[PDB]
Amino acid sequence: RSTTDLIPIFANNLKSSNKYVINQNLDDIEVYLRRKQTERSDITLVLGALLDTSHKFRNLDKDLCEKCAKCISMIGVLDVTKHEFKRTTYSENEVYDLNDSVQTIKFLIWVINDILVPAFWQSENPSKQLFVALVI
Amino acid sequence: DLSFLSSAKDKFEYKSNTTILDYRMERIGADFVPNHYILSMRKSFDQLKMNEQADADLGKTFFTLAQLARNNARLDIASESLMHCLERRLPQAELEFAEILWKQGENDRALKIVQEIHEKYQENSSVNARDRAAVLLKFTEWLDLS
Amino acid sequence: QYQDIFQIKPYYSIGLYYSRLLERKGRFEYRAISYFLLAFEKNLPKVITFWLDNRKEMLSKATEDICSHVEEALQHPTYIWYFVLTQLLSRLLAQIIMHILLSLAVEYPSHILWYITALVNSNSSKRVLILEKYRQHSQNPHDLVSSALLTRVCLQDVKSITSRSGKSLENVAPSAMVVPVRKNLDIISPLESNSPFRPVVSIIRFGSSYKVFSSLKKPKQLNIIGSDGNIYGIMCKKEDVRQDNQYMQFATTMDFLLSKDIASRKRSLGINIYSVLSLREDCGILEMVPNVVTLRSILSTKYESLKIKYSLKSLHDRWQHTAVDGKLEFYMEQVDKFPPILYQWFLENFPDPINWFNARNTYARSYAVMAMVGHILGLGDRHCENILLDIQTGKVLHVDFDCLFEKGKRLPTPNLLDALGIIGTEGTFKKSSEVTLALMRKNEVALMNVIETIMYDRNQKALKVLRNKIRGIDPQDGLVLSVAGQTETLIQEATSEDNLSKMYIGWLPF
Amino acid sequence: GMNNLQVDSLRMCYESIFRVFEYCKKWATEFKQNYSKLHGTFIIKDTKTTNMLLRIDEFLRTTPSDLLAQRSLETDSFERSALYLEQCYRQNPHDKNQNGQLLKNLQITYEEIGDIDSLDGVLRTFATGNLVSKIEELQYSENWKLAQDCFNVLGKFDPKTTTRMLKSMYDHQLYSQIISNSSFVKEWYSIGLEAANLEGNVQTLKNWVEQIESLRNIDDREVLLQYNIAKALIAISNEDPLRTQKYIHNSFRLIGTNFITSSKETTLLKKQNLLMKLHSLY
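Chains as they are written, first to last, in UniProt numbering: chain G, 1037 to 1077, 1090 to 1184; chain X, 1629 to 1774; chain E, 1785 to 1792, 1798 to 1814, 1823 to 1840, 1848 to 1857, 1869 to 1891, 1893 to 1909, 1916 to 1951, 1956 to 1975, 1981 to 2001, 2009 to 2033, 2039 to 2255, 2265 to 2311, 2317 to 2367; chain S, 1333 to 1489, 1492 to 1518, 1531 to 1628.
Cut-off 25 Å, straight-line C-alpha distance, at most; resulting in silico cross-link-like pairs (DSS-like, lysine-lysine): (1) 2145(E) to 1380(S); (2) 2326(E) to 2282(E); (3) 1623(S) to 1130(G); (4) 2180(E) to 2252(E); (5) 1377(S) to 2152(E).
Bear in mind the hints are in silico, worked out from the structure with no lab data behind them.
Hey, can you work out the whole structure from these sequences and the hints?
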């Protein structure tokens, strides 16, 4: 209870990509805000994630995005200019696998760290993880 | 005038009847309310008959009504009829609605439109232009005192 | 109109206020002074122009006027004046205004010595590098004593900094960029408040000055890079500090420019903010924003070899090539012969277009903010690098100019037109200029007390013009050009078309 | 042959194409500031060769007319569903028929983003259309009222203009009118039922429920949300707090499936509508 603004925990547990973890996180989010706001008184990214929650679950598992929608309705509608933090760009990150062999190193490590990590981590794939072992 | 207008069937006794009523309208006194009522009557009178003659006149007629309507402040029928008169597409069916956008605090955008209309009137492409010179004059005193 | 109003501070809200419409019909001067001052605290430039200014009777009625100063100070928190205090403190060298020479230390005694030292940075213009100047120089030791009862470690830097500035007038050994973390930096700033409050004493400090201390530009420059903290930028170059009129007015007007919840920030046409305070009447280094780009070199690079590359290098020379019709063809042709091949800047610099809009919906804001109060600017012309077509961040900030200097008459660009908008800077005339002209709200003292005073310094009529603008913005083109008419009129006033043709061939128009 | 299936594979190929396009922008920006640090931004045979390589890769720009076809794929993604269409018109055609046929999608690009500042800032600036079209476009501008008059009477006195009628009218938020306009075809319902709820009368909104539910099989995504919204507001006026929960929950299940959308895609203040009826639902 002492921990005050603990949004990033929601950020991380909604970044979690599995049904049960997100369910338990999200219903917790509801039960949270209900009482907490009945009392009195970051706010953006819970909705920011819930967007993806519904969007991925907009072809799978109606109920998931249902609970998502219920909670966001519970949340509100967020005046635009104040408190809007939608991203601007990503990482194509020119890294020069060409000359500057140091940047070749940068290029290679970039390839790994970008996506190969969760791929090597979250994937449910035996053989690819074998390629993972070998080429990692 | 009405009972007459359903007693004159031929396009010569009704057509003459048009001049008859045209003079008849003179006496009505300069007061809008009366002109309003009478013109409303004859306008209902058209679409009732749906024939070529007042077919080809009712938009001009409503326009005549809106003329008084806005020299004494109501554009209801002005826009409520411009659309109609554009099926018969008068040479004023544009510039006077420009004018009605003009009588309000609006002058500038209606002015871009009627500067285009001043180009279209040097490009008169029309009758000898004395009456039609008056409309170019009409846009003239936009900028005359802008 | 004031007495029960402070119940609707009411100390004097009645007596002369009994005549609170006397002007609608110094006793009443000071009456208005105090009234407009406390116009919000029992829940304009008038005094700021009476500092240096019947006569016996009003002076008798100025006794309460020349007396209630510290009365307001104690009664007031008490920081409203502090903005004007700093604005004057950038050039610090009726008792209600006569008590102001020591006001620099007065701001320090009761409250934040941090913002006080921020102002001391401005006072270092004389401290480093008058009956008030010498008084301040003496009282600086007294100022430190009063702050006490590392104070000298917040005041001894002026000697070394003045030595450095003089050596600049006179790459590392002469400078030896020194002084790790201390009270502040070259990062002069808003010092924000309520209108949290700790911002009023903003504490952007300098971790380690970069030891390069070198730039050597065409005019004057000696800059450094980030060696101090999160971000920085400064150049201890040679330039008269008088131009900061525009600089301070912009940062200040940013307030009302962000006044209302969505009623002044949706479009939120925005340009630039940072504060400054020089070390001498001819030199200084201060804060700014990032992504520096060179306008004139960019004009050269637009189409390089024998093409839209800038050909106005003889701006100082072809100024005599100004002509009516020959230079009409010349400059109109140069418009295409320096065409806008920089339209790539955003769209290509912001590809996938998720980026194009990401800063382009603010580029709309900014290049609508090119005309906050524009056509009355009446300043000088843009020679080579005046504008800053920065990237990675949409903005615009003109280079220094002055007021009403034509000499060839210069006045009474096309590259900005065709590229902009999407196929032309058409939206720039109206789309958000509306807002840029829809200003109108409650600046009833803003423009006067700040900007009108600044224009007067650098160089009811203005108030009637303000009221006309206000009412006209609210109505359908008021009576004259006052809404969309005003937008188009201002556009055409700033851009007499064939004048770009018939342009002074020094600038080779666009 | 295939529609969405083929388009999905084509968009995956266009994602790879977009990756490649963005790659060089990400790349050469690094490259030339690395060459500038080595005293020679473009002053190097290798730098020129690199620029030539980039030009060769870009040579899949491949008839900016073909790029016009690719933009004519008209991505749900608004941003470059603009960018190359921008290019398609920008310098290239300036051709009266080309210009006119493009003006159609230029307005649709402003519609894709949402903010229609170019409706009068580009289309009406170039006077696209006649005086009738000018009057219609004028509505958003401070002139909206008499235009609404005519654009209502014409709807009384050509049904496809009736939908535009209801849209503009509803856009003056004047639900208190559309409740009366034609309370005594399909696209109109979204307009009408909203007012039929908003004004709040247990007698006309009964009638709108009756009118909607009689339809064959709506099967349509729009109207059902507002239908749920309404069919809630019988119980509230008849005091059964049990079932109101059921209908509002079903409202969630709808809104949370179809109208709920992609993650971010440039949409901020226009999401409001969709999210704000949700807020009020809560």
